[PDB]
Every structure is written in C-alpha cells, then in structure tokens.
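Asks: Let's have the full structure, built from the sequences with the hints guiding it.
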Amino acid sequence: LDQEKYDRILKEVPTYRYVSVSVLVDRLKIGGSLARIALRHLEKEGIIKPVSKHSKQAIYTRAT
Amino acid sequence: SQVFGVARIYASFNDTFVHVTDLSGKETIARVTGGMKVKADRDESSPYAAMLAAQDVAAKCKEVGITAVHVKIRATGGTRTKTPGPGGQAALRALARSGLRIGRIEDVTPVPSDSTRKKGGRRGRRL
Amino acid sequence: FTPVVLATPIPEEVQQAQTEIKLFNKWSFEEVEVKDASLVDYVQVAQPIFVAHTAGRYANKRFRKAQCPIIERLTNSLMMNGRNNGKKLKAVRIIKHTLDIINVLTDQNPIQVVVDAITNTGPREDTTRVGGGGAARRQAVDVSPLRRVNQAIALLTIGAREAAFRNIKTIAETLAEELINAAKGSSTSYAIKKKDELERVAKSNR
Amino acid sequence: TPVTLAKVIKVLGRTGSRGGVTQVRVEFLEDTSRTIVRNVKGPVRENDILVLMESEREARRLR
RNA sequence: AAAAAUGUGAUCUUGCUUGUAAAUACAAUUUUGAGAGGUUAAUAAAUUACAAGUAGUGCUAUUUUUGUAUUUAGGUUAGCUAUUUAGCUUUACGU
Numbered sequence: 001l002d003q004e005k006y007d008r009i010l011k012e013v014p015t016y017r018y019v020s021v022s023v024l025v026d027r028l029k030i031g032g033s034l035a036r037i038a039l040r041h042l043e044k045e046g047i048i049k050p051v052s053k054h055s056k057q058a059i060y061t062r063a064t
Numbered sequence: 065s066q067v068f069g070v071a072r073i074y075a076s077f078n079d080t081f082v083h084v085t086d087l088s089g090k091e092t093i094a095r096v097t098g099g100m101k102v103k104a105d106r107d108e109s110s111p112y113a114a115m116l117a118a119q120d121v122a123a124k125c126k127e128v129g130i131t132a133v134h135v136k137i138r139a140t141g142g143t144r145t146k147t148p149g150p151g152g153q154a155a156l157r158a159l160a161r162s163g164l165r166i167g168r169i170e171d172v173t174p175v176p177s178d179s180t181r182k183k184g185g186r187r188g189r190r191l
Numbered sequence: 192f193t194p195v196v197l198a199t200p201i202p203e204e205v206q207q208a209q210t211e212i213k214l215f216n217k218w219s220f221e222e223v224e225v226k227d228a229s230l231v232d233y234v235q236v237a238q239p240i241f242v243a244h245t246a247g248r249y250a251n252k253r254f255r256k257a258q259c260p261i262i263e264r265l266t267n268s269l270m271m272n273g274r275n276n277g278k279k280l281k282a283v284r285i286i287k288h289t290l291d292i293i294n295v296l297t298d299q300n301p302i303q304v305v306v307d308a309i310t311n312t313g314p315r316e317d318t319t320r321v322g323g324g325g326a327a328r329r330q331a332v333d334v335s336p337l338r339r340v341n342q343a344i345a346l347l348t349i350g351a352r353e354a355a356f357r358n359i360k361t362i363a364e365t366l367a368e369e370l371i372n373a374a375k376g377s378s379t380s381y382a383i384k385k386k387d388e389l390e391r392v393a394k395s396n397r
Numbered sequence: 398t399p400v401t402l403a404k405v406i407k408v409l410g411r412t413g414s415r416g417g418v419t420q421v422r423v424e425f426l427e428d429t430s431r432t433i434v435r436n437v438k439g440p441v442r443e444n445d446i447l448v449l450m451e452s453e454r455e456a457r458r459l460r
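Order-wise, the sequence lines are chains A, B, C and D.
If you read the first sequence in this note's numbering, its first letter stands for residue 1, the second for the next number, and so on.
If you read the second sequence in this note's numbering, its first letter stands for residue 65, the second for the next number, and so on.
If you read the third sequence in this note's numbering, its first letter stands for residue 192, the second for the next number, and so on.
If you read the fourth sequence in this note's numbering, its first letter stands for residue 398, the second for the next number, and so on.
Hint data in this document are derived by calculation from the structure and do not stem from the laboratory.
Yeah, the Cβ is synthetic: ideal placement off N, Cα and C, and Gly gets one too.
Errors might be hidden in some of the hints.
[Claimed, not checked] Below, in silico cross-link-like pairs of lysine-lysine (DSSO-like), each with a Cα-Cα straight-line distance of 30 Å or less:
no.: 1; chain 1: A; residue 1: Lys11; chain 2: A; residue 2: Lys49
no.: 2; chain 1: B; residue 1: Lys124; chain 2: C; residue 2: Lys394
no.: 3; chain 1: A; residue 1: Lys53; chain 2: A; residue 2: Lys29
no.: 4; chain 1: A; residue 1: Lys29; chain 2: C; residue 2: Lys384
no.: 5; chain 1: B; residue 1: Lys124; chain 2: B; residue 2: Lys101
no.: 6; chain 1: C; residue 1: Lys360; chain 2: A; residue 2: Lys53
no.: 7; chain 1: D; residue 1: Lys404; chain 2: C; residue 2: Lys217
no.: 8; chain 1: C; residue 1: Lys281; chain 2: C; residue 2: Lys217
no.: 9; chain 1: D; residue 1: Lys404; chain 2: C; residue 2: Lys394
no.: 10; chain 1: A; residue 1: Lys56; chain 2: C; residue 2: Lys394
[Said to hold, decoys possible] The following label-pair restraints were derived from C-beta to C-beta distances:
no.: 11; chain 1: B; residue 1: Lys124; chain 2: C; residue 2: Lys394; range: 51 to 61 Å
no.: 12; chain 1: D; residue 1: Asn444; chain 2: C; residue 2: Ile240; range: 51 to 61 Å
no.: 13; chain 1: A; residue 1: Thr64; chain 2: C; residue 2: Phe192; range: 22 to 32 Å
no.: 14; chain 1: A; residue 1: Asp2; chain 2: C; residue 2: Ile240; range: 28 to 38 Å
no.: 15; chain 1: D; residue 1: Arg442; chain 2: B; residue 2: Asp86; range: 53 to 63 Å
no.: 16; chain 1: B; residue 1: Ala160; chain 2: C; residue 2: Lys278; range: 54 to 64 Å
no.: 17; chain 1: A; residue 1: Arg40; chain 2: D; residue 2: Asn444; range: 53 to 63 Å
no.: 18; chain 1: A; residue 1: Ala63; chain 2: D; residue 2: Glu424; range: 57 to 67 Å
no.: 19; chain 1: A; residue 1: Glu43; chain 2: C; residue 2: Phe241; range: 28 to 38 Å
[Unchecked claim] Far from chain C, by Cβ distances over 10 Å, these chain D residues were calculated:
no.: 20; residue: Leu409
no.: 21; residue: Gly410
no.: 22; residue: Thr429
no.: 23; residue: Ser430
no.: 24; residue: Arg431
Replies: Structure, rendered in structure tokens:
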C-alpha cells in the first residue's frame, strides 16, 4: 500500500484497455483485498470507461 | 543408366536379415540383422525390426552408390516351416519406400528332395 | 424510428435495438460464418438465441446433437467439478461473460472467434481401442466429423478449469485466455499442448 | 502438410470387438471417381465429408 | 569499449606441438537400527591461464578527452515409440 502503488495504477489505467482485480494482482501484485477501490475510485474525465455485473464479476476497461 | 546390387533377405522365426552385396556376392556390403533395431530382445522377427532395418539397407546402399536392386526370398528353409516369416513382407514393402529401384523377385527357400530326418521325435513337438 | 408508446414503458433501448433486426442484441450470428469444410453441417452459425435456452430434446433423435445450438453444446461440458452438476444458470449469467472478455480482448466478432475455436480445435487423425490382444495398435482411424466436435468442446473444458483452481482468475479470464490462445491455435492453451499429444500418437501404430 | 478432403459414400458393416468401429467406401471430393476403403471411429452416416492428410492406407478389415 | 595521439630492430593479437596452478560443491531425506573397515577396480573433463617450437607478424605496445555506462545482448543437450511434418520422457550407465 505505499506511494508507488497508486502512481505506477493511474499513469500506467486510463488507456490500459482490459482490466479487473485479477488484472492488478498479475501486473499494479500484492493486495486484492482493497483492489474492487483504487481502480472504481473516479469513474475529472480520465480514468476507466466500463462495460462491467453485480458483486458476481466486474469485467472494467478506455475517457475515449 | 543404373547399377544393380542384389538384395540377400531372409526371415524364418525370431529373426530376419536385410543383407546387400556384388550381384555375384563373393563380396558383400551393409548387412542388418533384426535384434539390432530393437533393444526389447523379445521380438527379434518383428513386422517393425525389419521395417526400421530395411532403411539401413538404403542408407548404406544409397551411400556406396547402389541406385538400384535385384531380390532374394529365403525362408528357415532346410528340413524347416518354407513358410516365410514376418520380415519377409514388411521389408519387401519398406524397401520400395526407400527410393529403391526393384527388379526380378523370386523365392529361393531351401527345398529338399527329402532325407534329413526332421526334429521333434515321432510323437512330436508339444505345451 | 418509431417509439411503441403503449403506464408500462417496455424499453426504447431493447424495443432501437431488437425491433430495427434477429439474435442476442449484444452480439450481431448477421455476417458471421464458418471457414472450413467438414464441422459445415455439424455445428449449428445460429438459430437466434433473440437467449444464450432450448427444453432440449436433443438425445432420443441418434443425431440431432448436430440442430443443437454450439453456444447452449457449451454451457453444455462446463456442466460439472460434480458439485455444480445441474447448474445451467451459473454456467449462463459465465459464457454470457466469456463473449465479452474474447469481444474486449483482439477486438473481433467474438461469436465468430467462438466458432473458430471449433474449426482448429478438432482432433482429426485419431486412434481407437482394436480388442487387439494383451497389447496391440490404436488401428489409427479420422473419427465421422460427428464424434470430431464432440471432442473439440469436451478437450477445451478440462484445461481452462484448472486455470479457477487455486487461481486469481475467475473461466469468464481463462476460458477467454484459451480460445483467442486456441484458434492462433497456439499451445498457451491445452488443445493444440492434447489435440496435436493423439494426431501425434497416431502418426507412427499408423 | 497436404490435406485431402474425402467424402464418404457407402457405409458398409460394423466392426471391432466393441463396435467402436464403422467399415467405410470413399469418394475423393477434392478427383471424384477414385473410390478407394478406409476405417473411421464414430456414431457415422453417408455424407460425412471425411478428413484425411494421409492420402491411402489403402486399409483392410480388426476383434 | 566512442576520442585523440606519443611509439616499438615500419607495426600489431589468427592459432599450432607441450605441462601443469584449479571449479563438478555438499548436505538432508534416504542406506541393515549406533560406529566406521573398501564413495573398492575406476579415475578425471578442458575450462580459465601463462610461456617455449612462431604457418602469424619485429616479439611486450602507451598517454589522455567520453557518459553511472552507449556496450550490443538473449537462446543451445539425452532417451522411448506404428501419432514419424507426430506422440511419450526429460543431463543416463549398476543406486
């Protein structure tokens, strides 16, 4: 959880096209509990534009 | 425009020979026995040993410039069977598969005009 | 283009979507076809499921297994691992997922890359147990193409299953991690690393 | 890797111990009049386009 | 290894005959249950490395301006099979 885990995250997760929480434990590795958080946060015009459903899968994605 | 080594095959049972020579055969060349291409030691006469065996006969015949070939089959023969074992078949088809040409085919199985008293004993071989 | 104005607004989103049009109105089954000659005839492209369930009288008649919608001989397999055994609605809440994680990853016609994980994933040159003795050979003979596709779904389900199995990956991300790499097939998948592994146990025996 | 796609004409007789094999003619779709008689493994009919990369082994009737 | 430039009977660097200084670690399960009489016969690989005899080529060869450095790096065997454009084991050799 320290401060090169959220800014590795946000500069890596705007045009980063396919995402989830199995996407942040295999790419940014530790956590998951937290992760469904610094993704979803916001939803400022520059994070993720989704075709996500319920709970049970959260399949997110590109602002553009 | 081709040359002719003579084959000089044979397969009883429990073994088989691919055995090239000259067409006269007082000289010889690449001889290949069964066991050689099978160490199970079990099936020494296998429809296969013969198979990878013949291919030795066109490795060491397509080595010393044997284009092509004439081809001899022998049983046991003798007293014995004169019922060709597995071998000779698989060889006669793998040998055609190995670029080789083929010519003049015929048995030679040594036949007797009787006489040498066959083994076993009167009441026979018996399990 | 004409919103019905019936109290009950039954959608103008799922009314312009499925009035103008047939087919499951996420994926359009509409200029998507099959590219091989053999597995046409024996893999429905689609009679319209407007969802991905038919009672299903598919095994009385010795053939109709054919007439069976591919998508719903799939959800059909998954049907397992035994504990689920029975659950179709868990198996369509999973493959209604799968078709979004192919569309999203490639950018394809994903119901086609669903179909190209069929013909490519089929074992042709296959063996049989000649009886034969204590030991004999698996006379090597090419399945009909009937059987083939029976295997082409059967295979795929026994290797994208271990992948969730102590796994961070929720079969929705391993199924689409098998079909994209199983059509490109590749061998990062499980068919083209058994399909090939049966060709390759036959090519000898033969 | 040369694939010869051969069409089944005449489904013949059942074989094998366990009935795992039908026999099979086949008409070569892609050279019609050739009409070889291989084997296959399946629950077959007439018209199962059949797939062979082995052109040709012509097969003989297996307990 | 990028830059110059003092030179050393004008200058640099491709191996061939020798013979030796040294790495494969071992430990732990497992071997008859504590504790060593015989990892018995076998044995070394060619590896860094340097000098004779020099097919090379006169054999050793420097000062000083670079960028933390600019250089290039990453992949290699052996055995079964009638799946022989493929299946099966995976550095064995008494374990």
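Asks: Where does the structure disagree with the numbered hints, that is, which hint numbers, in rising order?
Replies: 7, 10, 11, 12, 14
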